[PDB]
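One-letter residues, chain by chain:
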Amino acid sequence: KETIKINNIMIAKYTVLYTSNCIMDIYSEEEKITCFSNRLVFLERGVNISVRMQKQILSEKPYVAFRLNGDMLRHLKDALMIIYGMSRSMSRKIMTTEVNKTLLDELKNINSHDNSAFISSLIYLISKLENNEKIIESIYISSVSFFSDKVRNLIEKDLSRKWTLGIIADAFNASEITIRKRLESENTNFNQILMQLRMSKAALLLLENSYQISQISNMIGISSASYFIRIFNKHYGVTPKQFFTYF
Amino acid sequence: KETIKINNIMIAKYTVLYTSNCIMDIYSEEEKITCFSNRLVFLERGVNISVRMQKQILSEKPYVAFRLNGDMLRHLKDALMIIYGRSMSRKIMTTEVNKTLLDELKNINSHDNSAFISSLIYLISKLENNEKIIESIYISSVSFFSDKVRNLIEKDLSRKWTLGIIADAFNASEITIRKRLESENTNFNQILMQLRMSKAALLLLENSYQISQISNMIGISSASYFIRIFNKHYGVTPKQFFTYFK
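Chains as they are written, first to last, in the deposited numbering: chain A, 9 to 95, 103 to 262; chain B, 9 to 93, 103 to 263.
Be aware that a few hints might be false.
Okay, the calculated beta carbon distance ranges per label pair [as the list claims (entries may be wrong)]: (1) A:39 to B:117: 36 to 44 angstroms; (2) B:145 to A:227: 43 to 51 angstroms; (3) A:128 to B:179: 57 to 65 angstroms; (4) A:168 to B:39: 37 to 45 angstroms.
Quick caveat, the hints were computed from the structure, so don't treat them as lab data. Idealized CB from N, CA, C, for every residue including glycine.
Bound-form chain A, shown alone:
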């Protein structure tokens, strides 16, 4: 059909999504946010969400996404801390707004080149928005580094290794218990971090259409291909085929 329900979607980069040809019911932090067609969604870095999407036009893609790397996010952060002044609910983590045709011109003039101009245009849009304070807080709070972030960096160094909690401890020159606490404070466990890393990398590589499922599996650190397919299903709720075909 034109309808999908994907689970455990992790936002790893500050994301600005334009619903375009899809209606999205987002479930996160035991809350529900419905994004209508022709809206802009602001997903902050780190929210684990689930989505129920209904495509309007089937032949085309669902939505239009804009993800911000660390450098761009930090620069936007500092710019917003100069422009609008220096400085825990889903309502302030996933925020939807209505986009004007004038803003639509910029939404078509967005380009992955001229990153200077891209950050400028984000500044401009944020300026042209009612109640932008919410959005602004997200951009800044999504710039801080947590345990989940340092652990994720260390694990991203070699996703194929047989990581354990002892390894993490040795690397951080601390004890297993202490690492367990830096994680538990942020409602995560080492196994969850590792599983999200691998399934997110796998989803991206899958959509790249440049790699076999065996290649994807060996890349993220999974031994067999059948095993990988079963885990992808158990995590997202769909087979890599269903996921790929939907987009």
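Knowing the structure of chain A, use the given hints to seat chain B on it.
Same frame as chain A, but now just chain B:
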């Protein structure tokens, strides 16, 4: 007529001007830059220029100006230093304004400094060879010696300032103050004259004050003296200046 030539116009705030209904021949540093109608001009802080303006429609104002205070300029500077990392040609720069950029030029407001600095960012991003403009903003964000003297004199434009006073204030010698000022091609008397004549021009255009009031405000004893000095400095009578700018 609809044509005026004003001398010794000093830009005290980074200025973005929309020529609108005027043709401007700007003369400075033995150079000539002609801004055509329906253009945007970027004049950096500090350029002493002379202008020949030609109005297309007489009843209206010549141009539409946008001046940046120190704090706003500094904030724009910092934003531009996060985003992007000697000749008049790189101090006075003119460009053609697009309907989109013009629409933003109308969506300006002197209250939401955040929105204005953002709009400057947006426009600057949409510009060919914007590096020139950006350099102007950053060099016009620098604090020179002449600016410190200017602020000190600004504290009380009516006082009979002398070079001894300025020297004592900076805890240095007269020679040193004179030469540090001369390094930026200025003298204490020029700083004071520019301060008073600029404040006078603004007050005059405010249409809320008489020439006697203007005179006493900038620190000048008689009104006749003020008018003669205004004419000698800018080249026009306060009447001519005012009537030209409606």
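Point to revise | Structure versus earlier hints, numbers of those that do not hold, lowest first | key: Violated: hint 4 alone.
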